Amino acid sequence: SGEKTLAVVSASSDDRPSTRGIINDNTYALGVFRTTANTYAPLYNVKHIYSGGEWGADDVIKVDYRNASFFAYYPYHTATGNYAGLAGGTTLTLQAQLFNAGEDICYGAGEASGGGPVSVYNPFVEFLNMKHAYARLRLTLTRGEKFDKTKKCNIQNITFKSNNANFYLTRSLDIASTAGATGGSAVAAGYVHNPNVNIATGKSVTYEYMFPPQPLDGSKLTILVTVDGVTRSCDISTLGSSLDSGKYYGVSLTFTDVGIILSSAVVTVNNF
Amino acid sequence: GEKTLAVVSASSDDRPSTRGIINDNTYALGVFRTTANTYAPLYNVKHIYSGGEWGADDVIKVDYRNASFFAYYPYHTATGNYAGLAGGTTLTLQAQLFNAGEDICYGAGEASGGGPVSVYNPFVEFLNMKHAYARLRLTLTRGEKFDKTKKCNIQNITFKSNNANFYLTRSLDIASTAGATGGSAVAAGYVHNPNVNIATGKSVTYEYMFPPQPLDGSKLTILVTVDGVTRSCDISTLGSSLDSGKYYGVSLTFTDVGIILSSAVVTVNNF
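Top line first, the protein sequences correspond to chains A and B. For the first sequence, the positions run 25 to 296 when full-length UniProt numbering is used. For the second sequence, the positions run 26 to 296 when full-length UniProt numbering is used.
Extracted from the complex, chain A is given alone in its bound form:
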């Protein structure tokens, strides 16, 4: 026999302040792909489930003398909606939305256990150091001590724009590429989230978002908030020149009697 059954050994993510480390949970599955590199027939979104210290599949994948190129993403999704491009391809859609752990995709190339290529001579692949695709942002809105006591502090139409011009609502991600988020079209209306909530005296509300990584023109993120019917605009120039997948962004807005106290934060990993 010139072929052996492939074994998916491990999967891990090393980017971002809070790392996934080696994935050892059942909760989510791993979607496995094989490209046409070295004349192999392509494999798309093969669902692998963590069982018996490895990632098992209902299907059998074979590797012969040819060196095989594998890619994986996590958490696995059925190839529909924003994941329709994974049915017979390696592209998925990243969409600006409220944070959802199930959508917080990481992806990467597979390599042979102990390095070298994956073939019948070493039919073991690992998906280590997968990178996250989305940029996370936490927005806190606080009713300041000096905010007008007669007003409701009603919050509507939280709007995100690069340089008060536009924002990418959706972008593409090729899980067989290292480009990260690419393509898409920047929308002039920006990303709009309308919670329509009243912030009571001394209280705060926090929203968690996930956005496709994208440039911040002139290093500016504009946030528009309609406070008790009045449209307010905040320019944030201290988040860097782009929203990046490996970083956690924080914006805090405190509404006072005369303005907004703006607190911006960037969390990153600097490894030795």
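Keep in mind the hints are simulated off the structure, nothing from the lab. Beta carbons are placed, not taken as given, at the ideal position from N, Cα and C, and that holds for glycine. Worth double-checking, as some hints may not be accurate.
Looking from chain A toward chain B, a few residues come up when the C-beta cut is under 7 Å (computed) [stated by the list, open to error]:
(1) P41
(2) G45
(3) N146
(4) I284
(5) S287
(6) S288
(7) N295
Fit chain B to the known structure of chain A by using the hints.
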């Protein structure tokens, strides 16, 4: 002919946490009169708060001539970093651990109800005084994954613009709107050596006050010697300068493989 000048109120508005109208006698206010309209100059005239008014020990008088006044707070005797206030309006801003007594705010005086200050309206207010220093809070945390065999000893916390230098001292003219100027950037940077061991899951926080200055390369470098090893962290998300009245936050979490860096900038944007 002439009348005794009365200081009615003093206030600050430029910071996340505003002082508002200064209504306590903890610190005094230092008042100055320039040579505008041929007045003899007055330097660092101490005013003490009592019953919604700032009473002077010394004498300030005004006649038909419109007088130009400036003030700073907290008042200091004109020595050391305040030596330039003996016969001028310049003081020195110095990089140091945070001290409320050194957290200077300053501004121009105007007549109560607007218009000029003279014998016809001998009442001045020092409202919306601006802070001169940039504040920075540094938190150091021993991460859950930090090597259990090591002490997490912290020494020589060093601050540098673009890993090159830092202004330890700069000048401030309280009669000007320029803010921090001049000074010489020191290649060693600002160094604070707490020499402390951070125990499992604990943190230590230090509060600094720095002269506002550029962050060349839009970068603040923080060097920390961790268990004898010199580590360097580049922070590119604090803006292109450390600005007066803004509050900077830097948090370093020491892990098994590196440093988790959390940076923050707090500012006031008034309508």
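Hint check, failures only: 2, 3
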